[PDB]
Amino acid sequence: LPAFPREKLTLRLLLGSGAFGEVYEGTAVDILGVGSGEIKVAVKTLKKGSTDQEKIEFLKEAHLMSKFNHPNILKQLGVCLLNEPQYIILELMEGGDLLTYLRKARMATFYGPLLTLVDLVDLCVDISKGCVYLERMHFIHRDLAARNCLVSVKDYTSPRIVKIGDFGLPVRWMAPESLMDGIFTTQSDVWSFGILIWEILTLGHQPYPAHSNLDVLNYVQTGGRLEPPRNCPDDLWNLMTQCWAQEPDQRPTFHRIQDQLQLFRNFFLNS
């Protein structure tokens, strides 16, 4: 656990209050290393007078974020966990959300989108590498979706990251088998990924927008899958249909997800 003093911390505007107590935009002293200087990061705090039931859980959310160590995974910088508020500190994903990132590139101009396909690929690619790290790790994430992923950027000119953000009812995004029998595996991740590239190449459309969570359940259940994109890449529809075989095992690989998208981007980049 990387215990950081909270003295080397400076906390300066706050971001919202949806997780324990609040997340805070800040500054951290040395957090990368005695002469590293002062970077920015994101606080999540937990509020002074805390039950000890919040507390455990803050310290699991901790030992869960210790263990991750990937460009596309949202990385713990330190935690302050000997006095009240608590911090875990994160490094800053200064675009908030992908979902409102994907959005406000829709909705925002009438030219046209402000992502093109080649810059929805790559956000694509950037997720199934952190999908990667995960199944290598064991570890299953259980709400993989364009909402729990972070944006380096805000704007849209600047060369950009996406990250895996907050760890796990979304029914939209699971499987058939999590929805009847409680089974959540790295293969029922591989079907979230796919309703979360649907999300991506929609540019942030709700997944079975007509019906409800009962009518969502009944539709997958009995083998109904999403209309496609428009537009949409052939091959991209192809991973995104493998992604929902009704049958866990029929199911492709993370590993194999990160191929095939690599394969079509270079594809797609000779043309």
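Take the two forms, superpose them, and find the largest set of C-alpha atoms that agree within 1.5 Å; that set is the rigid core. Numbering follows the first chain given and starts at 1. First, how it differs from the form deposited in another entry.
In the overlay on the core between the two forms, a shift of 2 Å or more in CA position is seen for a single residue of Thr241, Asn218, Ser50, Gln246, which is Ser50.
Core-superposed comparison between the two forms: the C-alpha position of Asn69 differs by less than 2 Å.
Superposition on the rigid core between the two forms places the CA atom of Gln206 less than 2 Å from its counterpart.
Once the rigid core is used as the reference frame, the Cα position of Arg265 differs between the two forms by less than 2 Å.
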Given for the second form:
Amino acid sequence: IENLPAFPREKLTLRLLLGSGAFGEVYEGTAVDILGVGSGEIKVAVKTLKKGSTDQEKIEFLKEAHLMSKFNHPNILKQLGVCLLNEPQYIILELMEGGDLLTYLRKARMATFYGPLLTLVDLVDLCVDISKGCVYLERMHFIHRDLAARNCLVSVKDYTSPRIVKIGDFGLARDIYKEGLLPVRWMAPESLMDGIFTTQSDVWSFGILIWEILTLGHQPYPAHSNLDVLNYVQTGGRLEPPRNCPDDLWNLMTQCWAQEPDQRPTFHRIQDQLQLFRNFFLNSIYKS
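Structure of the form deposited in another entry, given the form deposited in one PDB entry:
Keep in mind that what follows is only the chain, not its partners or any molecules around it.
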């Protein structure tokens, strides 16, 4: 019997507004003893469901909350509690003070032209993090269907402390134990043409994700309007390689965008390739 973690609305204080997500509104706040009796006023994020909103939207809201209760993995955003008896509904998430990956990446590049505040090893660690999360989703028979940096989160705001990224928005995730959409730049050709979604289209999008990471948050297909994108892609056109991107990481990405879905790597292999490259590169610098 699946149970969402009920949490006393009284012990929750909404302090900062972080943005307007969904329908829709997210706040930083504090929640007493979320982590237990020896917790304190630990900071949290709060996802809210607007009052009076569609009965259908409330269901999507509840769907999300259920997906996140089900998941338990270091690279998957934690849902710490819910407030569902009173409106507005609250989904209480662990606070990721670095905000969304995309923003965290772009601040890193734009902070000083002395150089990015994230290095190649930093970026490889981000990729390794998200890929573990993908391994996990696959093992749980879930397809995320919207893998992109805007949908991941970073645990710290600064660029010096140890950091972790997590997948953090499962509004489109689907169980696959057996008229909307938008993000054309992340979608596999099968998905755009035939409306088909699989773990292998997730692999296409992870390819785009790690491209986003390696460019520090550039827009895919910068010279193409949304409309031209599907032309471009459907052709056989692919993104340009990031400036000075390691050949190993380009070959991985490239294979993620195999036209033929069964010619793409698996998530396990993708994580292997990422860990393999990291060790190679670490070893490489020390022997210098």
